[PDB]
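Notes for the one structure printed next.
For this depiction, one protein chain was excluded, whereas all remaining protein chains were kept in their positions.
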Amino acid sequence: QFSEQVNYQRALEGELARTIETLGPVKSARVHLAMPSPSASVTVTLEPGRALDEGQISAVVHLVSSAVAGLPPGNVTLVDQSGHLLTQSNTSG
Amino acid sequence: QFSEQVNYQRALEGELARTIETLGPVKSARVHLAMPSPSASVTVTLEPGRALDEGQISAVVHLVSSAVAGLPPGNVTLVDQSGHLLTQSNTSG
Amino acid sequence: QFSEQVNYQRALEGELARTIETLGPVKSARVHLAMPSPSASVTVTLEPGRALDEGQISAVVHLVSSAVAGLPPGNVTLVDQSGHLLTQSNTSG
Amino acid sequence: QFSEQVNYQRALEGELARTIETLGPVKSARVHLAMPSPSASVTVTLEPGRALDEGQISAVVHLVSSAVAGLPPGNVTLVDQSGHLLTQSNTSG
Amino acid sequence: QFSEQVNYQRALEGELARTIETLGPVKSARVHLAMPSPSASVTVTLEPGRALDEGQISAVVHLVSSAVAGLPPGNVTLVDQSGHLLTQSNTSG
Amino acid sequence: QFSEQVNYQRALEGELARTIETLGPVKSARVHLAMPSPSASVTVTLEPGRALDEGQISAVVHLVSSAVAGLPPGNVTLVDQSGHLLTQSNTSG
Amino acid sequence: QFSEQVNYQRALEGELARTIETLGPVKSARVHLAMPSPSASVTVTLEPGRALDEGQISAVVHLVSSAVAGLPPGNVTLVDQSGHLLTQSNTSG
Amino acid sequence: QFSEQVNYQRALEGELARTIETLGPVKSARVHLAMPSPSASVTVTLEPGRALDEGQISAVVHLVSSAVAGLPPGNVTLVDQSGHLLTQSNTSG
Amino acid sequence: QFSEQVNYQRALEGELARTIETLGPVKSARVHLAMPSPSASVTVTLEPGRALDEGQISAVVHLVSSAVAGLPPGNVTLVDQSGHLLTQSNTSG
Amino acid sequence: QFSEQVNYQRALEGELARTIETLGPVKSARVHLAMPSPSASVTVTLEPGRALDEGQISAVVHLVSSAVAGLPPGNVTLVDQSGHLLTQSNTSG
Amino acid sequence: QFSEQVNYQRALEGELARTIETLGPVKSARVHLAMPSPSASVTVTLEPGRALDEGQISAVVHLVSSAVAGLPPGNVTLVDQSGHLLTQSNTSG
Amino acid sequence: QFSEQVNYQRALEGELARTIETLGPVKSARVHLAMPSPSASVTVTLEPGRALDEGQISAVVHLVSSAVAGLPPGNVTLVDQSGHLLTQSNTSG
Amino acid sequence: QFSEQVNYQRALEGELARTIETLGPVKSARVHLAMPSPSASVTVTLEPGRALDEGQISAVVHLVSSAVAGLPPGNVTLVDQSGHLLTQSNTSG
Amino acid sequence: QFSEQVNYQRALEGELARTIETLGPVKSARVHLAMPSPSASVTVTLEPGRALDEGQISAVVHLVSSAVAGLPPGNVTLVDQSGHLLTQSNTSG
Amino acid sequence: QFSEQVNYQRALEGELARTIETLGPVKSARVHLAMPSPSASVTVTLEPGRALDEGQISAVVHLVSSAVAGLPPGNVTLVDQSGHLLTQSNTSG
Amino acid sequence: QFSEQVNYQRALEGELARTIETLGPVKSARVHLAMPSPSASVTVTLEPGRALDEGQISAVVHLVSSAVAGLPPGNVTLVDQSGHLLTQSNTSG
Amino acid sequence: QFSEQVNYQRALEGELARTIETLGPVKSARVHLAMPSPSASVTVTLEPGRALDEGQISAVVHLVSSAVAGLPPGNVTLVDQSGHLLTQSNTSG
Amino acid sequence: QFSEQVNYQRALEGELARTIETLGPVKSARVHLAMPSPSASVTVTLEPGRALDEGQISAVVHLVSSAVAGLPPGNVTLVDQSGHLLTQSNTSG
Amino acid sequence: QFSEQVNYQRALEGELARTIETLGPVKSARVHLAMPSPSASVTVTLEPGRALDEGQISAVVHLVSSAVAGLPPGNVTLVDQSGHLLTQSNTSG
Amino acid sequence: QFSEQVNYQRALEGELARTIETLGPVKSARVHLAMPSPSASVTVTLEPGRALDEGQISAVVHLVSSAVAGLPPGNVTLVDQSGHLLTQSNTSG
Amino acid sequence: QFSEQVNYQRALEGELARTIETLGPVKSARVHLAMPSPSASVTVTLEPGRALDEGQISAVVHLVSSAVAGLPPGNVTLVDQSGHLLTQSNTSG
Partner (left out) sequence: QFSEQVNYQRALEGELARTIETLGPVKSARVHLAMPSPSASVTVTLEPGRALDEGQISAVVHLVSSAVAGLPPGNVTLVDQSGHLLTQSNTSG
């Protein structure tokens, strides 16, 4: 049963990575899921010379926070390829 | 049993993706289902030089929110191929 | 048992799609069933240069809402091949 | 058991379709049964240049509403090959 | 058991159809039985240029309403080959 | 057991048909039995140019109503080869 | 057991038919037994130009009413080869 | 057991028929037994030109009423080869 | 067990018939036993030109009434080869 | 067990017959035993021109009444080869 | 067990017959035993021209009444080869 | 067990007969034992021209009454080869 | 067990006979044992011309009464080869 | 077990006989044991011309009364080869 | 077990006999053991011309009374080869 | 089960190490997980001549603290390739 | 078990005999053990011309009374090869 | 299970040793884990001519105290390759 | 178990004998153990011309009384090769 | 289980010995563990011409007292290759 | 189990003997263990011309009294090769 659960989690991770790669100016990303108020970690590798709107960074936030049950939109930690802690709501300091 | 459930979910995802592709100015899309007040994530790849009405974007919203049980019309997150967080009801800020 | 249920649902979907295709100015459609106050989604692909009466759009609504148990006539979401959210009763805004 | 029930329902559907085809100016029809106050859907394809009486449209209504147990005569939805929602009792608006 | 019941019902239907065909000016008919106050549906194909008495149409009514247990004489719906809802007692309007 | 019962009923039907055929001016008849106050249906094919007494039509009535248990003499519906509802006691109108 | 009972009843019927045939001016008859106040049906084929006494018609009545247990002498229905309802006690009208 | 009983009854019938045949002016007779106040039926075929005393007709009555248990002497129905209901005690009218 | 009983009864009948044949002016007789106040039936075939005393007819009566348990001397019915109901005690009328 | 009893009874009968034959002027006799106040039947065939004393007829009576348990000396019925009911005590009339 | 008992009784009978034969003027005798106040039967065949004392006839009586348990000396019935009921104590009349 | 008992009794009888034969003027005797106050029977065959004392006839009495348990000296019945009931104590009359 | 007991008794008898034979003027004797106040029987065959003392006849009495348990010295019955009832204590008359 | 006991008793008897033979003027003796106040029997065969003391006859008495448990010295019966009842204590008369 | 006990007793007897033989002027002796206040029997065969002290006859007494459990020194009966009852304590008369 | 858990932990460690390596100026790192307020240890090997922001060091902290359930952001210990205890919140001294 | 005990006792006897033989002026002795206040018997064969002290005769007494459990020093009976009852404590008279 | 635990502990030890070796100026170290307030022992072999900060010695302390559950930062004992007890908090003297 | 105990006792005896032989002026001894206040027997064979101290005779006493559990030093009986009861404490008289 | 524990203890001993050997001026040492306030024994073989600080002897003490659970730092006994009881805290005298 | 215990005791004895032999001026010794306040026996064979201190005789005492559990130092009995009861504490007289 645990093997089935971990395989399902890995397949979800692969599908999510493929979909977020299918976003235009992104060659690849790396998503990891955390299941206990859950949370998730996104490490986007943004393509150089490209920058999407805040309304589309929230698009990435809600894209990853929606397709998984119980993930609040404010619990996704978004980090680019070199620093750039964009989620100021988590790190409110 | 869990394998049957996941296969049924994947088949539903494939059928829904095919139907939403069968919408004219869309080559392909990517739907993911979230089952616990459920919710779903749609990442449409709109064809360039095409733009459908708001009454037909709500058509996509209700098309994905209807064919699955218990999905409210206000819980679908719609994102185009490059940002464009169209669903302002979820992100009411 | 679940396989039998899903096969029966798929066969019903295929038969319904064939019957709604057998309506004159329609080459093909795509029906999906939602079973919990149930609801259903219809994505008709109307033939160009053809337009049926409102009393025959309600014919499609009742045709899909009747042959399945417990589906109210006001819960069918009807969308043409390009937008055109015809069901104003669901989207009363 | 469920397979026996669905096969019996399909055989009833085929027999009913053959009998309603055996009505003169009809090449073929499409009946679907709904079992929970049940109801049924009839999509007649009337032959061009032919039109039967109201007392014989009620003949079709009672022909389909009688040979199945518990189907009230006012719950049959009758639609021709192109719109023409004839049953005004269901759609009393 | 259900297969035995359905085979017995089909054999009764065939025998009844043969007997009602054995009535003179009738090449063939189509009877269907409904078992829950039961009821039945008769679709007679009367031979052209022939018309039997009302006391012999009631002969058909009682012929089909008698050989089956519990069928009241007023619950048989009689329809000719083209409309002609003869049973005015059911459709008392 | 049900097969034995139906075979016994069919054999009784065949024997009764042979005996009623063995009545002189009758080439063949068709009897059907109804078992729940039971009743039965007789469709005699009287030979042309022949007509038996009322005291011998009651002979047919009691001949079919006697050889089967519990069948009252007033419950037999007698119909000739073309209409002629002779049993006025059932149809007292 | 039921097969044994029906075979015994058929053998009794055959023996009774042979004995009543062994009565002089009778080539053959047809007896049927009814078992629930039981009753029986006799269809004698009297030889032309022959007529037995009333005290010997009652001989036939008691001959068939005696050799079977519990059959009252007044419950036998006697019919000749063409009408002739002789038993006026049953049909006292 | 029932087969043994019926075979014993048939053997008794055969023996009784042989003994009553062994009575002089009788070529053959036909006895049938009725077992529930029981009763029996005798159909003697008296030889022409012969007639035995009443004290020897009562001999036949008691001969058949004695060799079987519980048969009263007044319950035997005696009929010759052509009518002649001799037992006036049963038919006291 | 029943077969043993019937074989014993038949052997007793044969022995009794042989003994009563061994009585001088008797070529053969026919005895039948009745077992429930029992009774028995004797059909003697007296040799012509011979007649035994009443004290030896009572010899036959007691000969058959003694060798079987519980048979009273007044319950034996004695009949010659042609009528002649000798036992006036049974038929006291 | 019943076969053993009947064989023992038959052997007793044979031995008794042989002993009573061993009495001088008797070629053969025929004894039958009756077992419920029991009784027995003796049919002696006395040799012609011979007659034994009454004190030796009582010898036969006690010879048959003694060698069997419980048989009273007054219950033996003695009959010669032609009538001659010698036992006047049984037939005291 | 019953076979053992009857064989023992027969062996006792044979031995007793041999011993009573071993008495001088007796070629053979015939003893039978009766077991329920028991009793026994002796049929002596006395040699002609020989006659033993009364004190030796009582010798025979006690010889047969002693070697068997419970047989009183007054219950033995003694009969010669031709009548001669010697035991006047049993037949005290 | 019963066979063992009867064989032991027969062996005792043989031994006793041999011993009583071993008494001088006796060629052979015949003893029989009776076991329920028991008793026994002795049939001595005294040699002609020999006569033993009364004190030695009592020797025979006590010789047979001693070697068997419970046999009183007054219950032995002594009979010579021709009558001669010597035991006057048993027959005290 | 009974066979063992009887064999032991017979062996005791043989040994006792041998010992009493081993007494001088005795060629052979015959002892029999009686076991229920028991008793025994001795039949000595004294050699002619020899006579032992009374104190040695009591020697024989005590020799046989001692080697067996529970045999009183006054219960041994002593008889010579020809009468001579020596034990006057038993026969005290 | 009983065989073991009897073999042990016989071996004791043989050993005792050998020891008493081993006494000088004795060629052989015969001892028998009696086991219920037990007792024993000794039949010594004293050698002619020899006579042992009374204190050595008591030696024999105590020799046989000691080596067996529970045998009192006054219960041994001593008899020579010809009478000579030496034990006057047992026979104190 | 009993065989083991008797073999042990016999071995003890043999050993004791050998030891008492090993006493000088004794060629052989014969000891027998009695086990219920037990006792024992010694039959010494003293060598001629030899006589041991009383303090050594008591040596034999205690030698046999000691090596066996529970044997009192006053219960040993000592007898020489010819009478000589030495133990005056047992025979204190 | 424990092997499955440790393999899952090792796979998580490998994936996390690969992702943190996929951060630009990092050739490799070494993560270890601690599961009981849990905690974790990170030993980054920063590439020479590179230094990321504090808002991206907190990016590493939250990247490792998010993808694992229940890890607070203040419990991650971050150490470079040579000392440099950057996390001053843990070591608040 | 009893065989083991007797073998152990015999081995103890052999060892004790060997040790007491190993005493100088003794070629062999004979010890027997008595086990219920137990006791033992010693029959020493002292070598001629040798005599040990009383303090060494008590040495033999205690040597045999010590090596066996529970044997009191005053219960050993010591006898030389010819009388000489040395133990005056046992025989204190 | 214990083998699995010890193998897991050894693998953790090996991984920790490899990671601490991966720290620059360290060729190898030796870690041992202690599991009951747990504690651990570190024996670092610092490379000559190298010395890291106190804030990086605390880096080693927290690196080993973090990756294992429940290890407080003050319970790690740190010793270089030659003495140098650096942890003054444990050894506070 | 008993065999193991006796073998252990014999091995202890052999070892003790070897050790006491290993004492200088002793070629061999003989020890026997007595186990119920236990006791033991020692039969030393002292070498001629040798005599050890009393403090070394007590050495032998304690040497044998110590190596076995529960043996008091005052319960060892010491005897030389010819009398010499040295232990005056046991024999305190 | 005990074998697993002892093997684990031996492996810990070997690893600890190797680590303490890996301390510079030590060729080999010998550690033994004591498990019940536990304790341990260290026998260091210090290399000649080398002497570490007291703060590094306490390093050895805590190195061995830390890597094993529950060992207090004051319970380790430290001894060099030749005496030199360094731990004065244990031996506080 | 007992065999294991005795083998362990023997191995302990052998090891102790070897160690006490390894004491310089001792070629061999003999130790025996006594287990119930236990005790032990030592028989030292001191080498001639050698004598150890009292503080080293107590060394032997404590050497044997220590390596075995529960042996008090005052319960060891020490004896040289020829007398010399050194332990005056045990033999305090």
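Note that the chains take the letters A, B, C, D, E, F, G, H, I, J, K, L, M, N, O, P, Q, R, S, T and U in the order they are written out, and that residue 1 is the start of every chain.
We adopt the following convention: contacts are C-beta pairs under 8 Å (C-beta built on N, C-alpha and C of every residue); 3 or more make two chains touch, one makes a residue touch a chain.
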{"item": "Residue in contact with the excluded chain [from U:24, U:48 or U:49]", "value": "U:24"}
{"item": "Residue among T:11, T:35 or T:51 touching the omitted chain", "value": "T:35"}
{"item": "For chain U, the residues touching the chain missing from this view", "value": "1, 4, 8, 15-16, 19, 22-25, 52-53, 55-59, 62-63, 66-70"}
{"item": "Where the unshown chain meets chain T, residue by residue", "value": "2-3, 6, 30, 32-36, 38-41, 43, 45, 77, 79, 81-85, 90-91"}
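Here is the rule we go by: only the chains that are shown with their structure count from here on.
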{"item": "Chain H and chain P, separation of their C-alpha mean positions in angstrom", "value": "116"}
{"item": "Shared-contact residues (touching 2 or more other chains) in chain L", "value": "none"}
